[PDB]
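Full structure from sequences and hints, please.
2 protein chains.
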Amino acid sequence: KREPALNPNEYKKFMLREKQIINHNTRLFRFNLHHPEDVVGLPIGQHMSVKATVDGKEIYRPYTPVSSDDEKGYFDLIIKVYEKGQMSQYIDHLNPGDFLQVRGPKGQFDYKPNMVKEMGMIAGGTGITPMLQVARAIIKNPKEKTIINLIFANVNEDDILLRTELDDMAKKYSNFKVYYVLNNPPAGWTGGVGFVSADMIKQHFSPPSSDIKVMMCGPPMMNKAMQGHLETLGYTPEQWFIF
Amino acid sequence: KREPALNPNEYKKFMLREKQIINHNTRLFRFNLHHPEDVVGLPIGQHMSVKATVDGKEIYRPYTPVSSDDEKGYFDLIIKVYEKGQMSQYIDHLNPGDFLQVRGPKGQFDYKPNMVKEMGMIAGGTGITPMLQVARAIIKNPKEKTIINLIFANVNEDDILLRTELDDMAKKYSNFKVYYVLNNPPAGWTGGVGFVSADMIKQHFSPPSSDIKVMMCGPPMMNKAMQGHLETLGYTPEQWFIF
Ligand SMILES: Cc1cc2nc3c(=O)[nH]c(=O)nc-3n(C[C@H](O)[C@H](O)[C@H](O)COP(=O)(O)OP(=O)(O)OC[C@H]3O[C@@H](n4cnc5c(N)ncnc54)[C@H](O)[C@@H]3O)c2cc1C
Ligand SMILES: Cc1cc2nc3c(=O)[nH]c(=O)nc-3n(C[C@H](O)[C@H](O)[C@H](O)COP(=O)(O)OP(=O)(O)OC[C@H]3O[C@@H](n4cnc5c(N)ncnc54)[C@H](O)[C@@H]3O)c2cc1C
Ligand code: NA
Ligand code: NA
Numbered sequence: 039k040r041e042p043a044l045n046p047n048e049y050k051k052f053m054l055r056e057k058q059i060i061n062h063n064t065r066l067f068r069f070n071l072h073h074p075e076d077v078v079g080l081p082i083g084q085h086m087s088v089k090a091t092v093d094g095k096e097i098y099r100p101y102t103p104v105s106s107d108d109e110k111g112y113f114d115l116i117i118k119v120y121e122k123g124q125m126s127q128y129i130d131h132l133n134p135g136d137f138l139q140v141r142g143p144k145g146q147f148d149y150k151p152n153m154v155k156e157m158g159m160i161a162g163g164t165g166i167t168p169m170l171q172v173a174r175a176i177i178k179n180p181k182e183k184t185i186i187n188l189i190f191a192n193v194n195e196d197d198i199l200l201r202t203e204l205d206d207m208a209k210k211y212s213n214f215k216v217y218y219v220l221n222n223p224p225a226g227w228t229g230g231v232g233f234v235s236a237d238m239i240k241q242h243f244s245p246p247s248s249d250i251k252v253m254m255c256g257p258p259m260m261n262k263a264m265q266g267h268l269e270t271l272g273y274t275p276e277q278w279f280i281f
Numbered sequence: 039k040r041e042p043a044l045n046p047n048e049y050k051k052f053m054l055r056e057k058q059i060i061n062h063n064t065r066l067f068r069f070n071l072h073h074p075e076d077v078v079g080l081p082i083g084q085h086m087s088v089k090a091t092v093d094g095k096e097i098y099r100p101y102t103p104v105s106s107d108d109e110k111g112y113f114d115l116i117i118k119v120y121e122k123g124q125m126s127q128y129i130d131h132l133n134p135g136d137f138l139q140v141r142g143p144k145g146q147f148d149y150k151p152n153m154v155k156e157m158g159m160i161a162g163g164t165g166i167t168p169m170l171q172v173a174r175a176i177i178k179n180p181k182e183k184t185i186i187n188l189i190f191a192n193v194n195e196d197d198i199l200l201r202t203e204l205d206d207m208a209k210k211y212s213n214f215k216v217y218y219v220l221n222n223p224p225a226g227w228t229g230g231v232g233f234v235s236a237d238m239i240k241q242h243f244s245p246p247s248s249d250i251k252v253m254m255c256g257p258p259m260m261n262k263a264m265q266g267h268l269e270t271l272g273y274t275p276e277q278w279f280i281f
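So the sequences go chain by chain: B and A.
What the first sequence shows, in the deposited numbering, is residues 39 to 281, in sequence order.
What the second sequence shows, in the deposited numbering, is residues 39 to 281, in sequence order.
Any given hint might turn out to be false.
Identical chains blur together in the list; that is why a pair holds if it fits in one copy or across any two.
As the list claims (entries may be wrong) - Calculated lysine to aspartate or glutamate pairs in the EDC-like style (CA-CA distance at most 16 angstroms, straight line):
| id | residue 1 | residue 2 |
| --- | --- | --- |
| 1 | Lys210 | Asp108 |
| 2 | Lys95 | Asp237 |
| 3 | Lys215 | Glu156 |
| 4 | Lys240 | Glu96 |
| 5 | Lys89 | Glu269 |
| 6 | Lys210 | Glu75 |
| 7 | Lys95 | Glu269 |
| 8 | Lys240 | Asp93 |
| 9 | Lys89 | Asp197 |
| 10 | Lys39 | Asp76 |
| 11 | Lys210 | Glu182 |
In case anyone wonders, no lab produced these hints; they're calculated from the structure.
Right under this line is the structure:
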């Protein structure tokens, strides 16, 4: 009878199995777990913490796998690679057979079924991975009554990760809806245009007087601005959570 | 006997006296206090909160005046204007004679002389204003033995706000030192080059084993990266503060 895959105090090494190109700046990285029957086992709303040595110093970043909670023997990371981003460049230089050091689960989010009537999720870019993990857990549980509205914001149409997956979840589940926003939309776009606005949020989420938890993840200036909008709209800090 | 200039619970109106261009995207704005013998009255480490109405909705942002604590009958804000920055745009469209609504003081900082042996400050852009307010207070206190090391990072040489004032402080006070960092340095530059690195911080601040507080203010991606460095170098969360 085996240990859980991750330990919250001690880093373990996990080997890169394979990688593939998603778009110009994004790749999918598949790592082996230590046993074919292991699963990652992240609690809802929690993440992996990864460490690497770069120029003789250790660097640390959080990641949320996009493989579903129940996938056996491996986990998948979708990683956007930044021009001067130390860890995404480190991971994008690993070859099959190389290792990544990982501990967890980490994170202060504390999920209980039906903890709120409504979740408003705001995601930019790879901010979708923590949202996808929470949403999946909610919609696949048939006792959950939580309504989920996602505002998913990117620059260009080709930046919209997991569009097919999200579109399928929304077709299949009454309680999950997605609103897409693009700084540079194509002609005939039916979604949001520009940055996420206070109007877009007021139109799509229940107001402060309802039982709502708003969750955000994206680049730090997007998180900063969402918090400004939630202040504008009258939500209190107890009603939101930034990953 | 007059009331304090700011009230922490209620906004009051303060008139724009005049404005001046500092560089291509930065202006200095001078606001009248209600009586010529008033001072703005912000305790060390605290800020004012400004509100405005943009497209029917209230927005709110913090600012720290750059006028010294004892200036009578006005306060000065140096403000960088961003292309899609709602508040900085609002403020840059005010004419002399228009009002700005302000409340205060706001913030957690609680000055005690010699609360730490060393302060490491990291500022980017207008993140210098809260740092300047704290450093001015420390260096003018005879009892203070706190060593202050400031890393001040900007993109171009013309973006280094308050250089004259910072350098005069460093020459007068041996406990105050500044290291300037530029992404785009001029020919002959002897300061830091690029983004602020873990090594720049290690070379200028005392190690985690020391009695140190690190204070950061800057654009949100700079603050997120600085926190990455402080984790790399072994500082714990109780040893740092983001304004
Ligand atoms: C819960 C959670 C889950 C996440 N899940 C994923 C995921 O599944 N997939 C994914 O790709 N990401 C995910 N992220 C993001 C991840 O943690 C990292 O932030 C991301 O991988 C980029 O890290 P980096 O080291 O490559 O670049 P960063 O260090 O974050 O650099 C990014 C950019 O910032 C600027 N920059 C770099 N250094 C500095 C500096 N010294 N000063 C100022 N600016 C600087 C540069 O322009 C650089 O290109 C998640 C985050 C959280 C919180
Ligand atoms: C203690 C403290 C003191 C400060 N003192 C000063 C000071 O003296 N002077 C000063 O100038 N500033 C100061 N600041 C910062 C100030 O509070 C504001 O952050 C700043 O004025 C910019 O606000 P803004 O509304 O103009 O732009 P922001 O709303 O912050 O927009 C800035 C940029 O972010 C991007 N952006 C805008 N909206 C969104 C969105 N919806 N999603 C994603 N990205 C978006 C755009 O590129 C925009 O140009 C201080 C901050 C603190 C915490
Ligand atoms: Na950003
Ligand atoms: Na930024």
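Hints numbered earlier in the text: which of these fail when held up against the supplied structure? 1, 6 and 9
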